[PDB]
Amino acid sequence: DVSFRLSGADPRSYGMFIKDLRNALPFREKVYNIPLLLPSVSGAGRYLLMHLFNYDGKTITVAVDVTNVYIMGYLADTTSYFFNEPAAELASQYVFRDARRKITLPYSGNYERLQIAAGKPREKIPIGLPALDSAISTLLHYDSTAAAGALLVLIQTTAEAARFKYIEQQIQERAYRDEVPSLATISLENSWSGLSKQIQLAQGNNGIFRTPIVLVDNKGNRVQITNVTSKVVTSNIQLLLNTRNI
């Protein structure tokens, strides 16, 4: 399991937790030296448990699917909460089996659904380590509208930072003050499947992408990634979604 404590957290301990999260995810191959996540894992082994403590030391346990880093559900005291989607319902067979009650959240866990329930697009939600502290405190007290907002923060500060070194650095800069995500951060989040697929397809095509991936850069707009020598591939993306799941 991996754990992160917000009391005394600074950019370095957060960097250590994100390194541990990447290292807990299984892979057999590296494509262009990036870990390629497995196509499927059987049973309970498919789920990684993250223990997160807020500044006051209260905790939630989050279950992550190791083949795609998607958050399935979480445990707060004796209640488990799972997204309303089939994969999270399969995950409930393996994790948090000692929960006294199981609540299914009224939404699935993708960004479109969560932003509708929360009432705000995530360009307008501040993220950082203070925001993660607040997100953990909110999840301890069931409220489905408030939980959608907290889960948008939680997903971006754990799963998205594990997938892209740029987003981990964005959160390290927001260690003591939250700030809404840059447009670059939103584009990267949205492009992980696409980028993962084109890096895999570039093997056997001399490192050239079959279809270019367009991102928006940090200080402006539209840019096209066409091959694996790009900095997004060499220095940024840390994990690849297996094409068998795209």
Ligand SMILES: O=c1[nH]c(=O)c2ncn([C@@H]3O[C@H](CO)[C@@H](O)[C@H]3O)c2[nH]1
Contents of the next structure:
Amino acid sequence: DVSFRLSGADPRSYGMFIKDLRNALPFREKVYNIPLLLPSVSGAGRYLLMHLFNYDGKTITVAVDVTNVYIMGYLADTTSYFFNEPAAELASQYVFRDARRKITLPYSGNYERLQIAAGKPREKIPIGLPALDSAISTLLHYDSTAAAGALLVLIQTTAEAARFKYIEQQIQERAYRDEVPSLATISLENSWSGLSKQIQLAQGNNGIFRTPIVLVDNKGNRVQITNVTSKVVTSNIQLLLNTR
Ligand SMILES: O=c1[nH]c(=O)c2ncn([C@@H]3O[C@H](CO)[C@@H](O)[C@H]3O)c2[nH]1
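Switching conditions: you have the form deposited without 2,3-dihydroxanthosine, so give me the form solved in complex with 2,3-dihydroxanthosine.
Next comes the full complex, this chain leading.
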């Protein structure tokens, strides 16, 4: 398992949590020095448990699919909660079985669906460590509207930070003051599957992307990613979604 305590959290302890989270995701090989997530894992081993604690020490446990860093659901006190999608019902077979009742949220984990349920897009929801404090508090007691926004914060401050060093650094900047994600943050979240695909394909194409990827850079400017010498590949992306 991995844990993160917001009580006494600083940029250093958040960075240690994101390091713990990346290290709990298995890999057999690296492609261009980036861990390649497994095509599949059978049984309960597919799901990593993250123990998150708000400033007041109240906690949820979050289930993460280790093949794709997708959050499936979470445990709050004696109630489990899962997204309304087949991958999450499958996860409910292995995690939080001991919960008194299992609620299926009235949405899938898709960003588009969560934003409709929350009533705001990601671009207008402040993220940071205070926002994660608020998200954990929201999730402790069922409220499906409130939970959709809390889940957008949770996804970005855990899974997306694991996937991209730049997003980890953006949340560190927001240790004590929330701020809507940067344009590069949204760009990277949107592009992880594409980048993962082009980096795997670049093996057999001399490190050249078969299809270049349009991103927004750290200064808010367009950058076209054509090959593995790009700083997005050499410094930023930390995990690859297996092309399978
Ligand atoms: O639960 C989630 N964890 C994630 O890391 C994550 N990243 C993206 N999503 C969104 O969920 C959809 C899959 O059902 C994707 O299309 C993303 O929008 C995520 N959902």
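Only residues modelled in both forms are compared. Throughout, rigid core stands for the largest set of C-alpha atoms superposing within 1.5 Å between the two forms. Numbering follows the first chain given and starts at 1.
Core-superposed comparison between these two forms: the option from 193, 59, 203, 221 whose CA moves 2 angstroms or more: By this measure, the answer is 221.
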